[PDB]
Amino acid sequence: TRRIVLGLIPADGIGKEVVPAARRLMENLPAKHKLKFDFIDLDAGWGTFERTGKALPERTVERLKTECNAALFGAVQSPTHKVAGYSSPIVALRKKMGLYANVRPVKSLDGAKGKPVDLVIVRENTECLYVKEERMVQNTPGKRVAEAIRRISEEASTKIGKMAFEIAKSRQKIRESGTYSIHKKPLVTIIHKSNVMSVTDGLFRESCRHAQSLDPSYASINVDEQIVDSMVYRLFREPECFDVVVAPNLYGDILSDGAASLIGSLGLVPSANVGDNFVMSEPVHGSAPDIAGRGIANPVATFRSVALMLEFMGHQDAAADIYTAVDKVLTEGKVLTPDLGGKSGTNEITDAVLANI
């Protein structure tokens, strides 16, 4: 019997609707999972900034650090321009909680419209150009020159490589348990652009390759290397070729987006932010102001993110059962939200997932 203290950070828009749905899923897990939750309600996001002048209250971070074992983030309504006193609360949370990996599974449902795909993008989420170190080096009018630093470190790159191997191993354990897969063998694909960035991407590649040596249980996992541009080209036409894909920050950002495009509705696509002592689940869709409040938001991405978080926390069984219950609802196609072409609401689809659980 394990208890998880989960920080709920619904934040903005449909985040306020899908997080309550996920709370209800978690409250109703079957007894065989031996998993109970305590929830703590936390404030963050654009609304928090409008009401208080801080997107990420200090109290939110402190409560996550001192009280919580994990967290679920909804969505932020990001402004389209720079706003004084505002910085992204998700970006800040990840930094503060030490969540160096951004993990996005892209997995089509058997029988769905669309190109079959079953991959995970493992994006290093601390460095590259996202160190945000820039200077206007020449300031003569009409002739300005700006520079930015792209930083790649061995320690950060080794960590992300090691996590890619962990995920590859975890997926192979699932196949061996009897779950059907389009992959016969596990594969980690290291993404780079060494023809241009010989030193920085050279170090990224070395670090990821060397990560395989960190656990002898990784040795049998196949490893290959691919140029980012080639990956983008291949995702459109043969995305079934990829299993686990590990990438530095900018390449991983772009690849996670290209891969997610293969799924009809973004309301289906999950993610998690992972560190050594903490995991924060997060659906990939944004705050959807266009439908917020209307009771129709698709909570499937959030359910699948909670499941992914549970996989990282050593609750493989509970995660598998969430995926099975969700997949059964979608395959039957009787209770579907409007983004999937149906006429059901958030609560109704939650009810159907719960009935299968």
Given for the second form:
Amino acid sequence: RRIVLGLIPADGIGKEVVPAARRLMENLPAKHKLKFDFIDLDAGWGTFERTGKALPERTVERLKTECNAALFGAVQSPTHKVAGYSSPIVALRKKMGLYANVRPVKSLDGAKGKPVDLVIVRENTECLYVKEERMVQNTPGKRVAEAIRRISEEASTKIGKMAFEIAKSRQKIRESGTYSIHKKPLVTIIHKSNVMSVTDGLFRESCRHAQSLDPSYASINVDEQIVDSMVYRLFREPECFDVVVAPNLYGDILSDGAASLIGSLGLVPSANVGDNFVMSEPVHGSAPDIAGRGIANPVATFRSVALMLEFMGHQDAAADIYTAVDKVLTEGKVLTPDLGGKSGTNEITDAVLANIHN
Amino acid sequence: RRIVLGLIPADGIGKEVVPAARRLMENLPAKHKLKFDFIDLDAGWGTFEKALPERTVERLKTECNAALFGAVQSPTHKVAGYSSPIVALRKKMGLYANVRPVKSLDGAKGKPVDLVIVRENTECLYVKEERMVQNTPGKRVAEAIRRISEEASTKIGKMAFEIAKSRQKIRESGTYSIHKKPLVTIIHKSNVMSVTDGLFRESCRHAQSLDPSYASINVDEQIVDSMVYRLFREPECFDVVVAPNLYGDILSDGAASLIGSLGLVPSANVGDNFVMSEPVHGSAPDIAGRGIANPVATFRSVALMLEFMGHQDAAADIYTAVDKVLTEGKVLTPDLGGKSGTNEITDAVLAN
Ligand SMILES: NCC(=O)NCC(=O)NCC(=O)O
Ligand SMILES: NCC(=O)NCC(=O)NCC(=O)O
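Okay, that one was the form deposited without glycylglycylglycine. Can I see the form solved in complex with glycylglycylglycine too?
After this comes the whole thing, all chains and molecules, with the earlier chain placed first.
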């Protein structure tokens, strides 16, 4: 089977980790029956500097017309507004219909402290990220600003459905015989209904109603958790969570909190998922302090590729990637500076490849 | 000095830890020169079964210099007539700052931390201004208003600097601290909320200029997401943290998770002429009335309240007395892995 994959390295260590991932993809075992054709695409801060547009329209056109999926590196986002610049990643997610931001956090077997195997499913189109704000009073010393938080039944139902689909997929993997810390599947709905009774009420009702949309979701357990005690429980008993579904802001904050459970950010994967497309993306940024020195950790990117392949229906390939990656990490011989080692990007790519062909 | 203290034990273990704290206050050693008058007030879930009687408010305004609140057994769903009494108390008494010290005991298991989350407690999304703007079956759309004002944000900013200054003075009096330098970290998400969070940031930065003695305090700015990430890994990097309402709520609960038992974590709601101490733990229905609740969070919230009332001496010796018991490890409640009751640990602190 053929996958046409858009490659969008963008900036800094994006330009090192995406070629690493291409090498991984090109060299998957024959048993997977998976070939890739790649298309190189331009986006990011460097694209903005050269052309005045962070996301060329041609890049979006090729994605929609040629590609089955994409891999995005990292954008060197400015720290203030720049005229003519807008985030190409936020733009690509909107333009490609990628409404779900999926962030799995899974500890290594034999890791210290509480084990974790959870997935945060973050609604990624609305809430406060509609960016609709006004300075309603401009009195010197007494300004008043207001922002709109918007929650819709349609978007919330869609994200709830995606959570149940993910829960169902994880449960099938368990039932196929792969060990899991969870004995029962669970979707935990995150909210703050005691303050946001109308908006979070809608979010909650919509996610609960999503369970009714397919008879195969009926077996999945559902509960609800207030956001603040969710952070409390995340740090102390993260083993209690399977699939967690949240509106945009709570999901953003919880995903970043959960990333802390597994050590270096160069280990943390993500995918942006829509109904007809998926874009993998490592959680780390462009790391300009180390860009060009051949020491970037490509593990987050590898796991992001594997996550993408999970959503595309290549469970076997994904599982072998995860196993090969974890073996490198547990063995602890080949480690990049962010892992406390002295090894380079290419050394760790070679190590993953050596394991996958074992 | 004489303090008139409203006692609002409200629900569950609130009914046990508040009497424990009353006793402590009655037994404050002569050298602190501090006596209390106590007034018993009614509020909470039991009080509803109205959550907050008007009498309670009237008495706070006109008789009390401070107050101590236990815990409300909050329901899991909405109830006609019922609105949170602790939320209404804070607004009525003008308690704009929610203050949560998270401080590990020297030698305790767990990650060293010594920070205070200073949470703006009046606005942001908590203005509770929502509307179902589209009501079409299947296609509903709801909206809420997040409001950030320069005046509220400057005020919480100023409070954060006051607390940073007061903590630096404690260090310089000879109390050991994991911090060599005072720091205010301003929390925001201005890459998403450019206008509202931009105003919060500007206002807190400007609050530094309100007292010349703050110029010496280091200031930085951190995105709420990174801050949650950093709390788990390197909480020792933070001193005073100032945040708008929602980010403050999430961070205070993230920070609290660092301490082994919630029975050790205090808080105070602070306004310009009033303070109300309040333990962080809930009403703990499933140990209530068994005489084993941990009163330490309550003692430390009393201690916190005393600091804000200008009794650093009293507060120090409560912290020292409480710290001493905890470090001996002889008289500990079950949540600390011990076998002692509420009254026995109160006795133990009283002994110091
Ligand atoms: N792949 C990580 C990355 O590019 N980070 C920079 C950025 O601006 N990300 C957008 C976001 O936080 O959603
Ligand atoms: N003392 C903590 C407490 O009462 N928790 C229950 C609760 O819902 N309190 C509301 C709040 O403190 O914000």
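In this text, the rigid core denotes the largest set of C-alpha atoms whose superposition between the two forms falls within 1.5 Å. Numbering follows the first chain given and starts at 1.
S.K.: Fit the core first: which of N277, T80, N195, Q138 then shifts its CA by 2 Å or more between these two forms?
M.R.: With the rigid core superposed, the residue that stands out is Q138.
S.K.: Superpose the two forms on their rigid core, then report whether the C-alpha of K115 is displaced by 2 angstroms or more between these two forms.
M.R.: The answer is yes; the displacement is at least 2 Å.
S.K.: What does the CA of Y251 shift by between these two forms after fitting on the core? Give it in Å to one decimal.
M.R.: Between its two positions, the C-alpha of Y251 lies 0.6 Å apart after core fitting.
S.K.: Provide the displacement, in Å, of the CA of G178 between these two forms, taking the core as the superposition reference.
M.R.: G178 C-alpha displacement between these two forms, core-aligned: 2.2 Å.
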